[PDB]
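Number of protein chains: 2
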Amino acid sequence: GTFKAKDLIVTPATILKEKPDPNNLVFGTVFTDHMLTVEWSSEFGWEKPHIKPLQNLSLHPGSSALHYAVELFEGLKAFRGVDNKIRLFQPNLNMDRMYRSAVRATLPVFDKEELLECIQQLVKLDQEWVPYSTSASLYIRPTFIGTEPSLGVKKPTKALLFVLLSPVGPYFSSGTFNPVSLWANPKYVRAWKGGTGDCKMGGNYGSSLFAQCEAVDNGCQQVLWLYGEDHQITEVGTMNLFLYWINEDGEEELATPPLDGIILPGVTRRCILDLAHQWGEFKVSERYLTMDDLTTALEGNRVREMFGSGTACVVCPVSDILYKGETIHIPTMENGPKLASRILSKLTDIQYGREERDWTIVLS
Amino acid sequence: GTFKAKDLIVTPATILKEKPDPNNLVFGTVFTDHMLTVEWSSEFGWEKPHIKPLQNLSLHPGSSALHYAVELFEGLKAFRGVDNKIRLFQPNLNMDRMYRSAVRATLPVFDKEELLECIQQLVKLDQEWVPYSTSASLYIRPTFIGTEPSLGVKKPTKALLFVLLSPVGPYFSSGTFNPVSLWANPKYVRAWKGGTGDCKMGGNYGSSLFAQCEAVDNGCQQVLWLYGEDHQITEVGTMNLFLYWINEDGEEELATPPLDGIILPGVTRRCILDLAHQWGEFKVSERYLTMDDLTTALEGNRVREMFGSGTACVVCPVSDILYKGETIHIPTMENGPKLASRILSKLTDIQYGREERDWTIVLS
Ligand SMILES: Cc1ccccc1Oc1cc(-n2c(=O)cc(C(F)(F)F)[nH]c2=O)c2ccccc2c1C#N
Ligand SMILES: Cc1ccccc1Oc1cc(-n2c(=O)cc(C(F)(F)F)[nH]c2=O)c2ccccc2c1C#N
Ligand SMILES: *Cc1c(COP(=O)(O)O)cnc(C)c1O
Ligand SMILES: *Cc1c(COP(=O)(O)O)cnc(C)c1O
Ligand SMILES: [Mg+2]
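Line by line, the protein sequences are chains B and A. With the deposited numbering applied, the first sequence covers 23 to 386. With the deposited numbering applied, the second sequence covers 23 to 386.
A couple of the hints might just be wrong.
Since copy identity is lost for identical chains, a pair holds within one copy or between any two.
[As the list claims (entries may be wrong)] Under the rule of at most 16 Å between Cα atoms (straight-line distance), these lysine to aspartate or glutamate pairs were calculated in the EDC-like manner:
| id | residue 1 | residue 2 |
| --- | --- | --- |
| 1 | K176 | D239 |
| 2 | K209 | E65 |
| 3 | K177 | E236 |
| 4 | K209 | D220 |
| 5 | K74 | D29 |
| 6 | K215 | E251 |
| 7 | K28 | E135 |
| 8 | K176 | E236 |
| 9 | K209 | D282 |
| 10 | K177 | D239 |
| 11 | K74 | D55 |
| 12 | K305 | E275 |
| 13 | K99 | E139 |
| 14 | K70 | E136 |
| 15 | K107 | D342 |
| 16 | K346 | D43 |
| 17 | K305 | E270 |
| 18 | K107 | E321 |
Hints listed in this document are in silico derivations from the structure and should not be mistaken for laboratory results.
For reference, chain B alone in the conformation it holds in the complex:
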């Protein structure tokens, strides 16, 4: 039916590993002492969850995750506050998105309240892995995979749900904004209408690696995802895309693409539109933006700031775009960046407990 947090079986590790130095962390390469596992079958339903030492998984080579990408994931953080209390940030929005993605993958449904409480107990046991730095955090990685030992393409009769914990340094080791260059080639598409691009399913990511390898060979750090005959700008790598500018009607506007099927609905993207509506100092539009809209705006000095948004960066400014043989400069870093700074400081003030907020949950 569903596993229950109150049925948790806890098997502690006998020897603990030494914590790495917080200002030399490489994202997702170091892992904590413990993981969570929960097994499912169609014959016997959900087994009882386990909290046990990190270990390798024992998989049948026939497992449908390794053959037909029957798999999905999530990404959220835990923050050690300035009062030394550990907090989660909008974790219910992550659980909601994981459930929607499971239905679209035909993985078995689960109680969202029971997963989050299991996850809370996993961080509570391993709580010293949450760094003693207000520029560092602990990444939480829920993962859900088909483990059906057969090659037939179908809805799986077996599955594992597991959670990893990995400490991460600041995205900007400098401590202030390093702007990124983008590779813009219309030859590749990330996601299409009628597709799965608005879910965090593994198969959306496997196909982007060739494009990223090409971006790096041409000196860029990320891909700018183009879509359709009018070259709509959609996403920046695995981050949502925002543009602060004077629009076509002469009005100061913050703009992001709409949730029309090809966009991942980011927790950060939701948080930033809510803040922009509350401040009410400028227009806020979920609308379509093209390479023509952007180059026409730069000719008339109308562009202020371009930045990516996600759990990775919070905010990630853009300085240039390579497109049809030329480098196009974006004046983000010559305009402050005023809005990008204000956003970074507000969201970190909420994350690290410098102000009270509906958006945070203290670990009990």
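Fit chain A with the ligands to the given chain B structure using the hints.
Relative to the frame of chain B, chain A with the ligands by itself:
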């Protein structure tokens, strides 16, 4: 570099499993005594291949195949002939397609001649699993996965290449053409231009399970994949699509969609075009076909036969399509099916050694 077939290390099993009855067999559920494994790293290149007892894989929970679908596969058969010689059918076209898919997924390349000879030693050791029946076969499943223990989205520095063996019955246990109904819903899209739909990469398949669940709920046996504002017919499930008809210009024609990036280039699709070109008895077009093209043709009595093609079926005739709330009948089974029968009998005669061919390899 590459692994080398002459470096093979063989560890035979001490206890062997009992062979299933060939007159049952459910696709991809029974596995042989032995598997092939080859390890790679960026640091030390390709390790030596192994032939050893079937076993579970031991993967780090961080492995890039379980998170970002860094994975691809192939599918080909071995046939026990009427002279009791075991044969492979066009296995060089499977190796060519595996190499192309590896490059597009950023997995390491390998020597195609070395993999095939390792595969031949695998089937030769387990040659009694190749069924004693001219309606049965041994399915061969090469698989290639990223095993990088890290959450970073990038090209893997670690990988496993492995091969599974599974005996399978005839597609239709009766041994005669059961025609299939197709579910045609344009809200699902299999593949887009600028994507990976022309490679056998895992992420292309994970997305299709919900659409197939819906097809079965409405009484159909496969999905008809529609594309674009004009509703182009592309593929039938995981089979290529063929239409035998009088075209617009009054000419007898065999038609199939072009290789413009949203079609998997089937081995059977290759084999069927080569046969049609050789016979020189009617026109052969790789062209676009829409639902309008089809319903205009049916109104004018111009359609003869529609069928799927692949390793699964060889040829799979179509009797109906459900589209915009109506059932549309295709007269495949009232026209013989003459062409579908001629194709099935030629390709099976070559697979089971009832005539000599360029397209087959006797096992050494
Ligand atoms: C949002 C998201 C979606 C899917 C998987 C992981 C995700 O989160 C992260 C992604 C990251 N990443 C990469 O892994 C790789 C590149 C690349 F494009 F440069 F290759 N960019 C990147 O932002 C990170 C890089 C450094 C520190 C943290 C992260 C991070 C977090 N937290
Ligand atoms: C496994 C596979 C993946 C990608 C491409 C081709 C593939 O080959 C096969 C696919 C099969 N299949 C399914 O697994 C599932 C449905 C579904 F649509 F009905 F769900 N149809 C099906 O033909 C088969 C069904 C019965 C006997 C053999 C195969 C088969 C072989 N050989
Ligand atoms: C995860 C992700 C985002 C941002 O989501 P957050 O919830 O803000 O971390 C954006 N685009 C893609 C493609 C993603 O996978
Ligand atoms: C494998 C496959 C086919 C059939 O290819 P064959 O090599 O003839 O078995 C057709 N369409 C898709 C999408 C496939 O994956
Ligand atoms: Mg409940």
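Here is what the structure says about each hint:
In the homo-oligomer, the alpha carbons of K176 and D239 lie at most 16 Å apart only across protomers (14 Å), although the nearest pairing inside one protomer, at 39 Å, exceeds that limit. For the homomeric pair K209 and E65, neither the shortest alpha-carbon distance inside one copy (45 Å) nor that between copies (32 Å) is at most 16 Å. Proximity of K177 and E236 under a CA criterion of 16 Å is satisfied inter-copy only: 11 Å between copies versus 35 Å inside one chain copy. Only between protomers do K209 and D220 lie at most 16 Å apart by alpha-carbon distance; the minimum there is 14 Å, versus 21 Å within a single protomer.
Taking the shortest alpha-carbon separations for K74 and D29, only the intra-copy value of 14 Å comes in at or below 16 Å, while the best inter-copy value is 40 Å. Taking the shortest alpha-carbon separations for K215 and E251, both the intra-copy value of 14 Å and the inter-copy value of 11 Å come in at or below 16 Å. Taking identical chains as interchangeable, the C-alpha atoms of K28 and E135 lie at most 16 Å apart only when both belong to the same chain, with a minimum of 12 Å there against 56 Å between chains. Taking the closest pair of Cα atoms, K176 and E236 come within 16 Å of each other only across two copies (12 Å); inside a single copy the shortest separation is 34 Å, beyond that limit.
In the homo-oligomer, the alpha carbons of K209 and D282 lie at most 16 Å apart only across protomers (13 Å), although the nearest pairing inside one protomer, at 21 Å, exceeds that limit. Taking identical chains as interchangeable, the C-alpha atoms of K177 and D239 lie at most 16 Å apart only when they sit on different chains, with a minimum of 13 Å there against 39 Å within one chain. In this homomeric assembly, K74 and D55 come within 16 Å of each other (Cα to Cα) only inside a single copy, at 8 Å, whereas the closest approach across copies is 33 Å. Taking the closest pair of Cα atoms, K305 and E275 come within 16 Å of each other only inside a single copy of the chain (4 Å); across copies the shortest separation is 58 Å, beyond that limit.
Proximity of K99 to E139 under the C-alpha cut-off of 16 Å is restricted to the intra-copy arrangement: shortest distance 15 Å within a copy versus 48 Å between copies. With identical chains, the CA atoms of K70 and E136 are at most 16 Å apart within one copy only, with a shortest distance of 11 Å there and 46 Å across copies. Taking the shortest Cα distances, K107 and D342 never come within 16 Å of each other, neither inside one copy (39 Å) nor across copies (63 Å). In this homomeric assembly, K346 and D43 never come within 16 Å of each other (Cα to Cα): the closest approach is 43 Å inside a single copy and 61 Å across copies.
Proximity of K305 to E270 under the C-alpha cut-off of 16 Å is restricted to the intra-copy arrangement: shortest distance 12 Å within a copy versus 54 Å between copies. Taking the shortest Cα distances, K107 and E321 never come within 16 Å of each other, neither inside one copy (49 Å) nor across copies (73 Å).
Going down the numbered hints, you'll see the structure goes against 2, 15, 16 and 18, while the others check out.
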